[PDB]
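A.B. asks: What follows is each chain in one-letter form.
There are 2 protein chains.
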Amino acid sequence: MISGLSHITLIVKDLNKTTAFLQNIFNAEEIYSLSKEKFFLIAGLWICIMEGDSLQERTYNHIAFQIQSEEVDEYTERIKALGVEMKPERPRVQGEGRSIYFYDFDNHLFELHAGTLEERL
Amino acid sequence: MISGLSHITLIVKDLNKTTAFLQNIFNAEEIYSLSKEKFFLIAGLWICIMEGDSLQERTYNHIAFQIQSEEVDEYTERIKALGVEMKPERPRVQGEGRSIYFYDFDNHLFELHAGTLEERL
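Those protein sequence lines, which keep their order, are chains A and B.
Here the first sequence stands for residues 1 to 33, 41 to 128, where the numbers follow the authors' numbering.
Here the second sequence stands for residues 1 to 33, 41 to 128, where the numbers follow the authors' numbering.
Bound conformation, chain A alone:
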């Protein structure tokens, strides 16, 4: 059996810049910083960031984090207030919960979803 997820590794052009973004929105705790890179825990999740022009084009391939209903509006606020790229919010299926999509500086699509797979069925 595969244990769980080990980590997600993401490649970004500016390190420091992505960092502030992460610890601002996702509130990542850094673990530490040869080759320039940094580790983070986001919602107990091992995220690794490596510097590099590896940012090929925008796709629907994305990571969704679980937030909670009341948080959606507050989180919308935060993302806007960092001037990060944030799509307008579409209503799903009033029983499928809400989602917000926004990018980091490096073509990375993020979703904040609210409403468990469990109920999502």
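Hint data in this document are derived by calculation from the structure and do not stem from the laboratory.
Check each hint, because a few of them may be wrong.
20 Å max Cα-Cα, derived EDC-like pairs, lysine to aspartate or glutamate [said to hold, decoys possible]:
#1 A:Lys13 / B:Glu64
#2 B:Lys13 / A:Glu64
#3 B:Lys13 / B:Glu44
#4 B:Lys87 / B:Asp113
#5 B:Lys43 / A:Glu77
#6 B:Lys13 / B:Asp111
#7 A:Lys13 / A:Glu44
#8 A:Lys94 / A:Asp80
#9 A:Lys43 / B:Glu103
#10 A:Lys17 / A:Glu44
#11 A:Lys87 / A:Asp113
#12 B:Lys43 / B:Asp14
Restraint ranges, calculated between C-beta atoms of paired labels, are given here [claimed, not checked]:
#13 A:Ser3 / B:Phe112: 22 to 32 Å
#14 A:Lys43 / B:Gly51: 29 to 39 Å
#15 A:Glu92 / B:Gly102: 35 to 45 Å
#16 B:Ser33 / A:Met1: 20 to 30 Å
#17 B:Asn24 / A:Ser42: 32 to 42 Å
Reference excerpt, derived from the structure (chain A facing chain B, CB under 8 Å, subset only) [unchecked claim]:
#18 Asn24
#19 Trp53
#20 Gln63
We put the CB at the ideal spot given by N, CA and C, even for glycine.
Given chain A, put chain B in place with the hints provided.
C.D. replies: What follows is chain B alone, placed relative to chain A:
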């Protein structure tokens, strides 16, 4: 606080084909199958697969799953035995554990790593 991860969504050209791959290697349990898509649990992990030519180029952006030391060789075997693209294995820091990298059919890089972030520091 962000709860955990909600799900990772991946875009693949052939659905059925990716599927077999997933449930073969990662042993994903399907949850179910408008628009063609399928859900899976991989190591208690909500993975969603959507059909689409959205497979922009190969990068180091990747997902690593946690496996265990003894499994490494067996898992190497499996990946080879599906004829999926698998990089040759590099020894890391004899105290940083081992890793294996391989692609799905759609420029998706996967890592199977063995050895906790905890000890990885």
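A.B. asks: Is the Cα-Cα distance between B:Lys13 and B:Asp111 20 Å or less?
C.D. replies: Given that 20 Å is the threshold and the Cα spacing comes to 11 Å, the pair holds.
A.B. asks: B:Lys43 and B:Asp14 were given as a pair; does the straight-line alpha-carbon distance stay at or below 20 Å?
C.D. replies: holds, 10 Å
A.B. asks: Within 20 Å, alpha carbon to alpha carbon, are B:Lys87 and B:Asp113?
C.D. replies: holds, 17 Å
A.B. asks: Against the range 20 to 30 Å, how does the distance between the Cβ atoms of B:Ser33 and A:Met1 compare: consistent or not?
C.D. replies: holds, 24 Å
A.B. asks: Starting from the range 35 to 45 Å, see whether the pair A:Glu92 and B:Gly102 falls in it by beta-carbon distance.
C.D. replies: Cβ of A:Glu92 to Cβ of B:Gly102: about 41 Å, so the range 35 to 45 Å holds.
A.B. asks: Hinted pair, alpha-carbon criterion (20 Å max): B:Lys13, B:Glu44. Please report holds or violated.
C.D. replies: Distance of about 11 Å is within 20 Å: holds.
A.B. asks: Holds or violated: A:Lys87 and A:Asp113, Cα atoms, limit 20 Å.
C.D. replies: holds, 17 Å
A.B. asks: With the threshold set at 20 Å, check whether the alpha-carbon distance from B:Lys13 to A:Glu64 stays at or below it.
C.D. replies: Distance ~17 Å between B:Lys13 and A:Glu64 Cα, so the pair holds.
A.B. asks: That 32 to 42 Å hint for B:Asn24 and A:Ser42 (C-beta), does it hold up?
C.D. replies: Since B:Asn24 and A:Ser42 have Cβ atoms about 33 Å apart, the given range 32 to 42 Å holds.
A.B. asks: B:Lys43 and A:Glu77 were given as a pair; does the straight-line alpha-carbon distance stay at or below 20 Å?
C.D. replies: violated, 31 Å
A.B. asks: Check whether the Cα positions of A:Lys13 and B:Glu64 lie no farther apart than 20 Å.
C.D. replies: holds, 17 Å
A.B. asks: Let me know if the C-beta of A:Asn24 comes in closer than 8 Å to any C-beta of chain B, holds or violated.
C.D. replies: violated, 13 Å
When held up to the earlier numbered hints, the structure conflicts with 5, 18 and fits the remainder.
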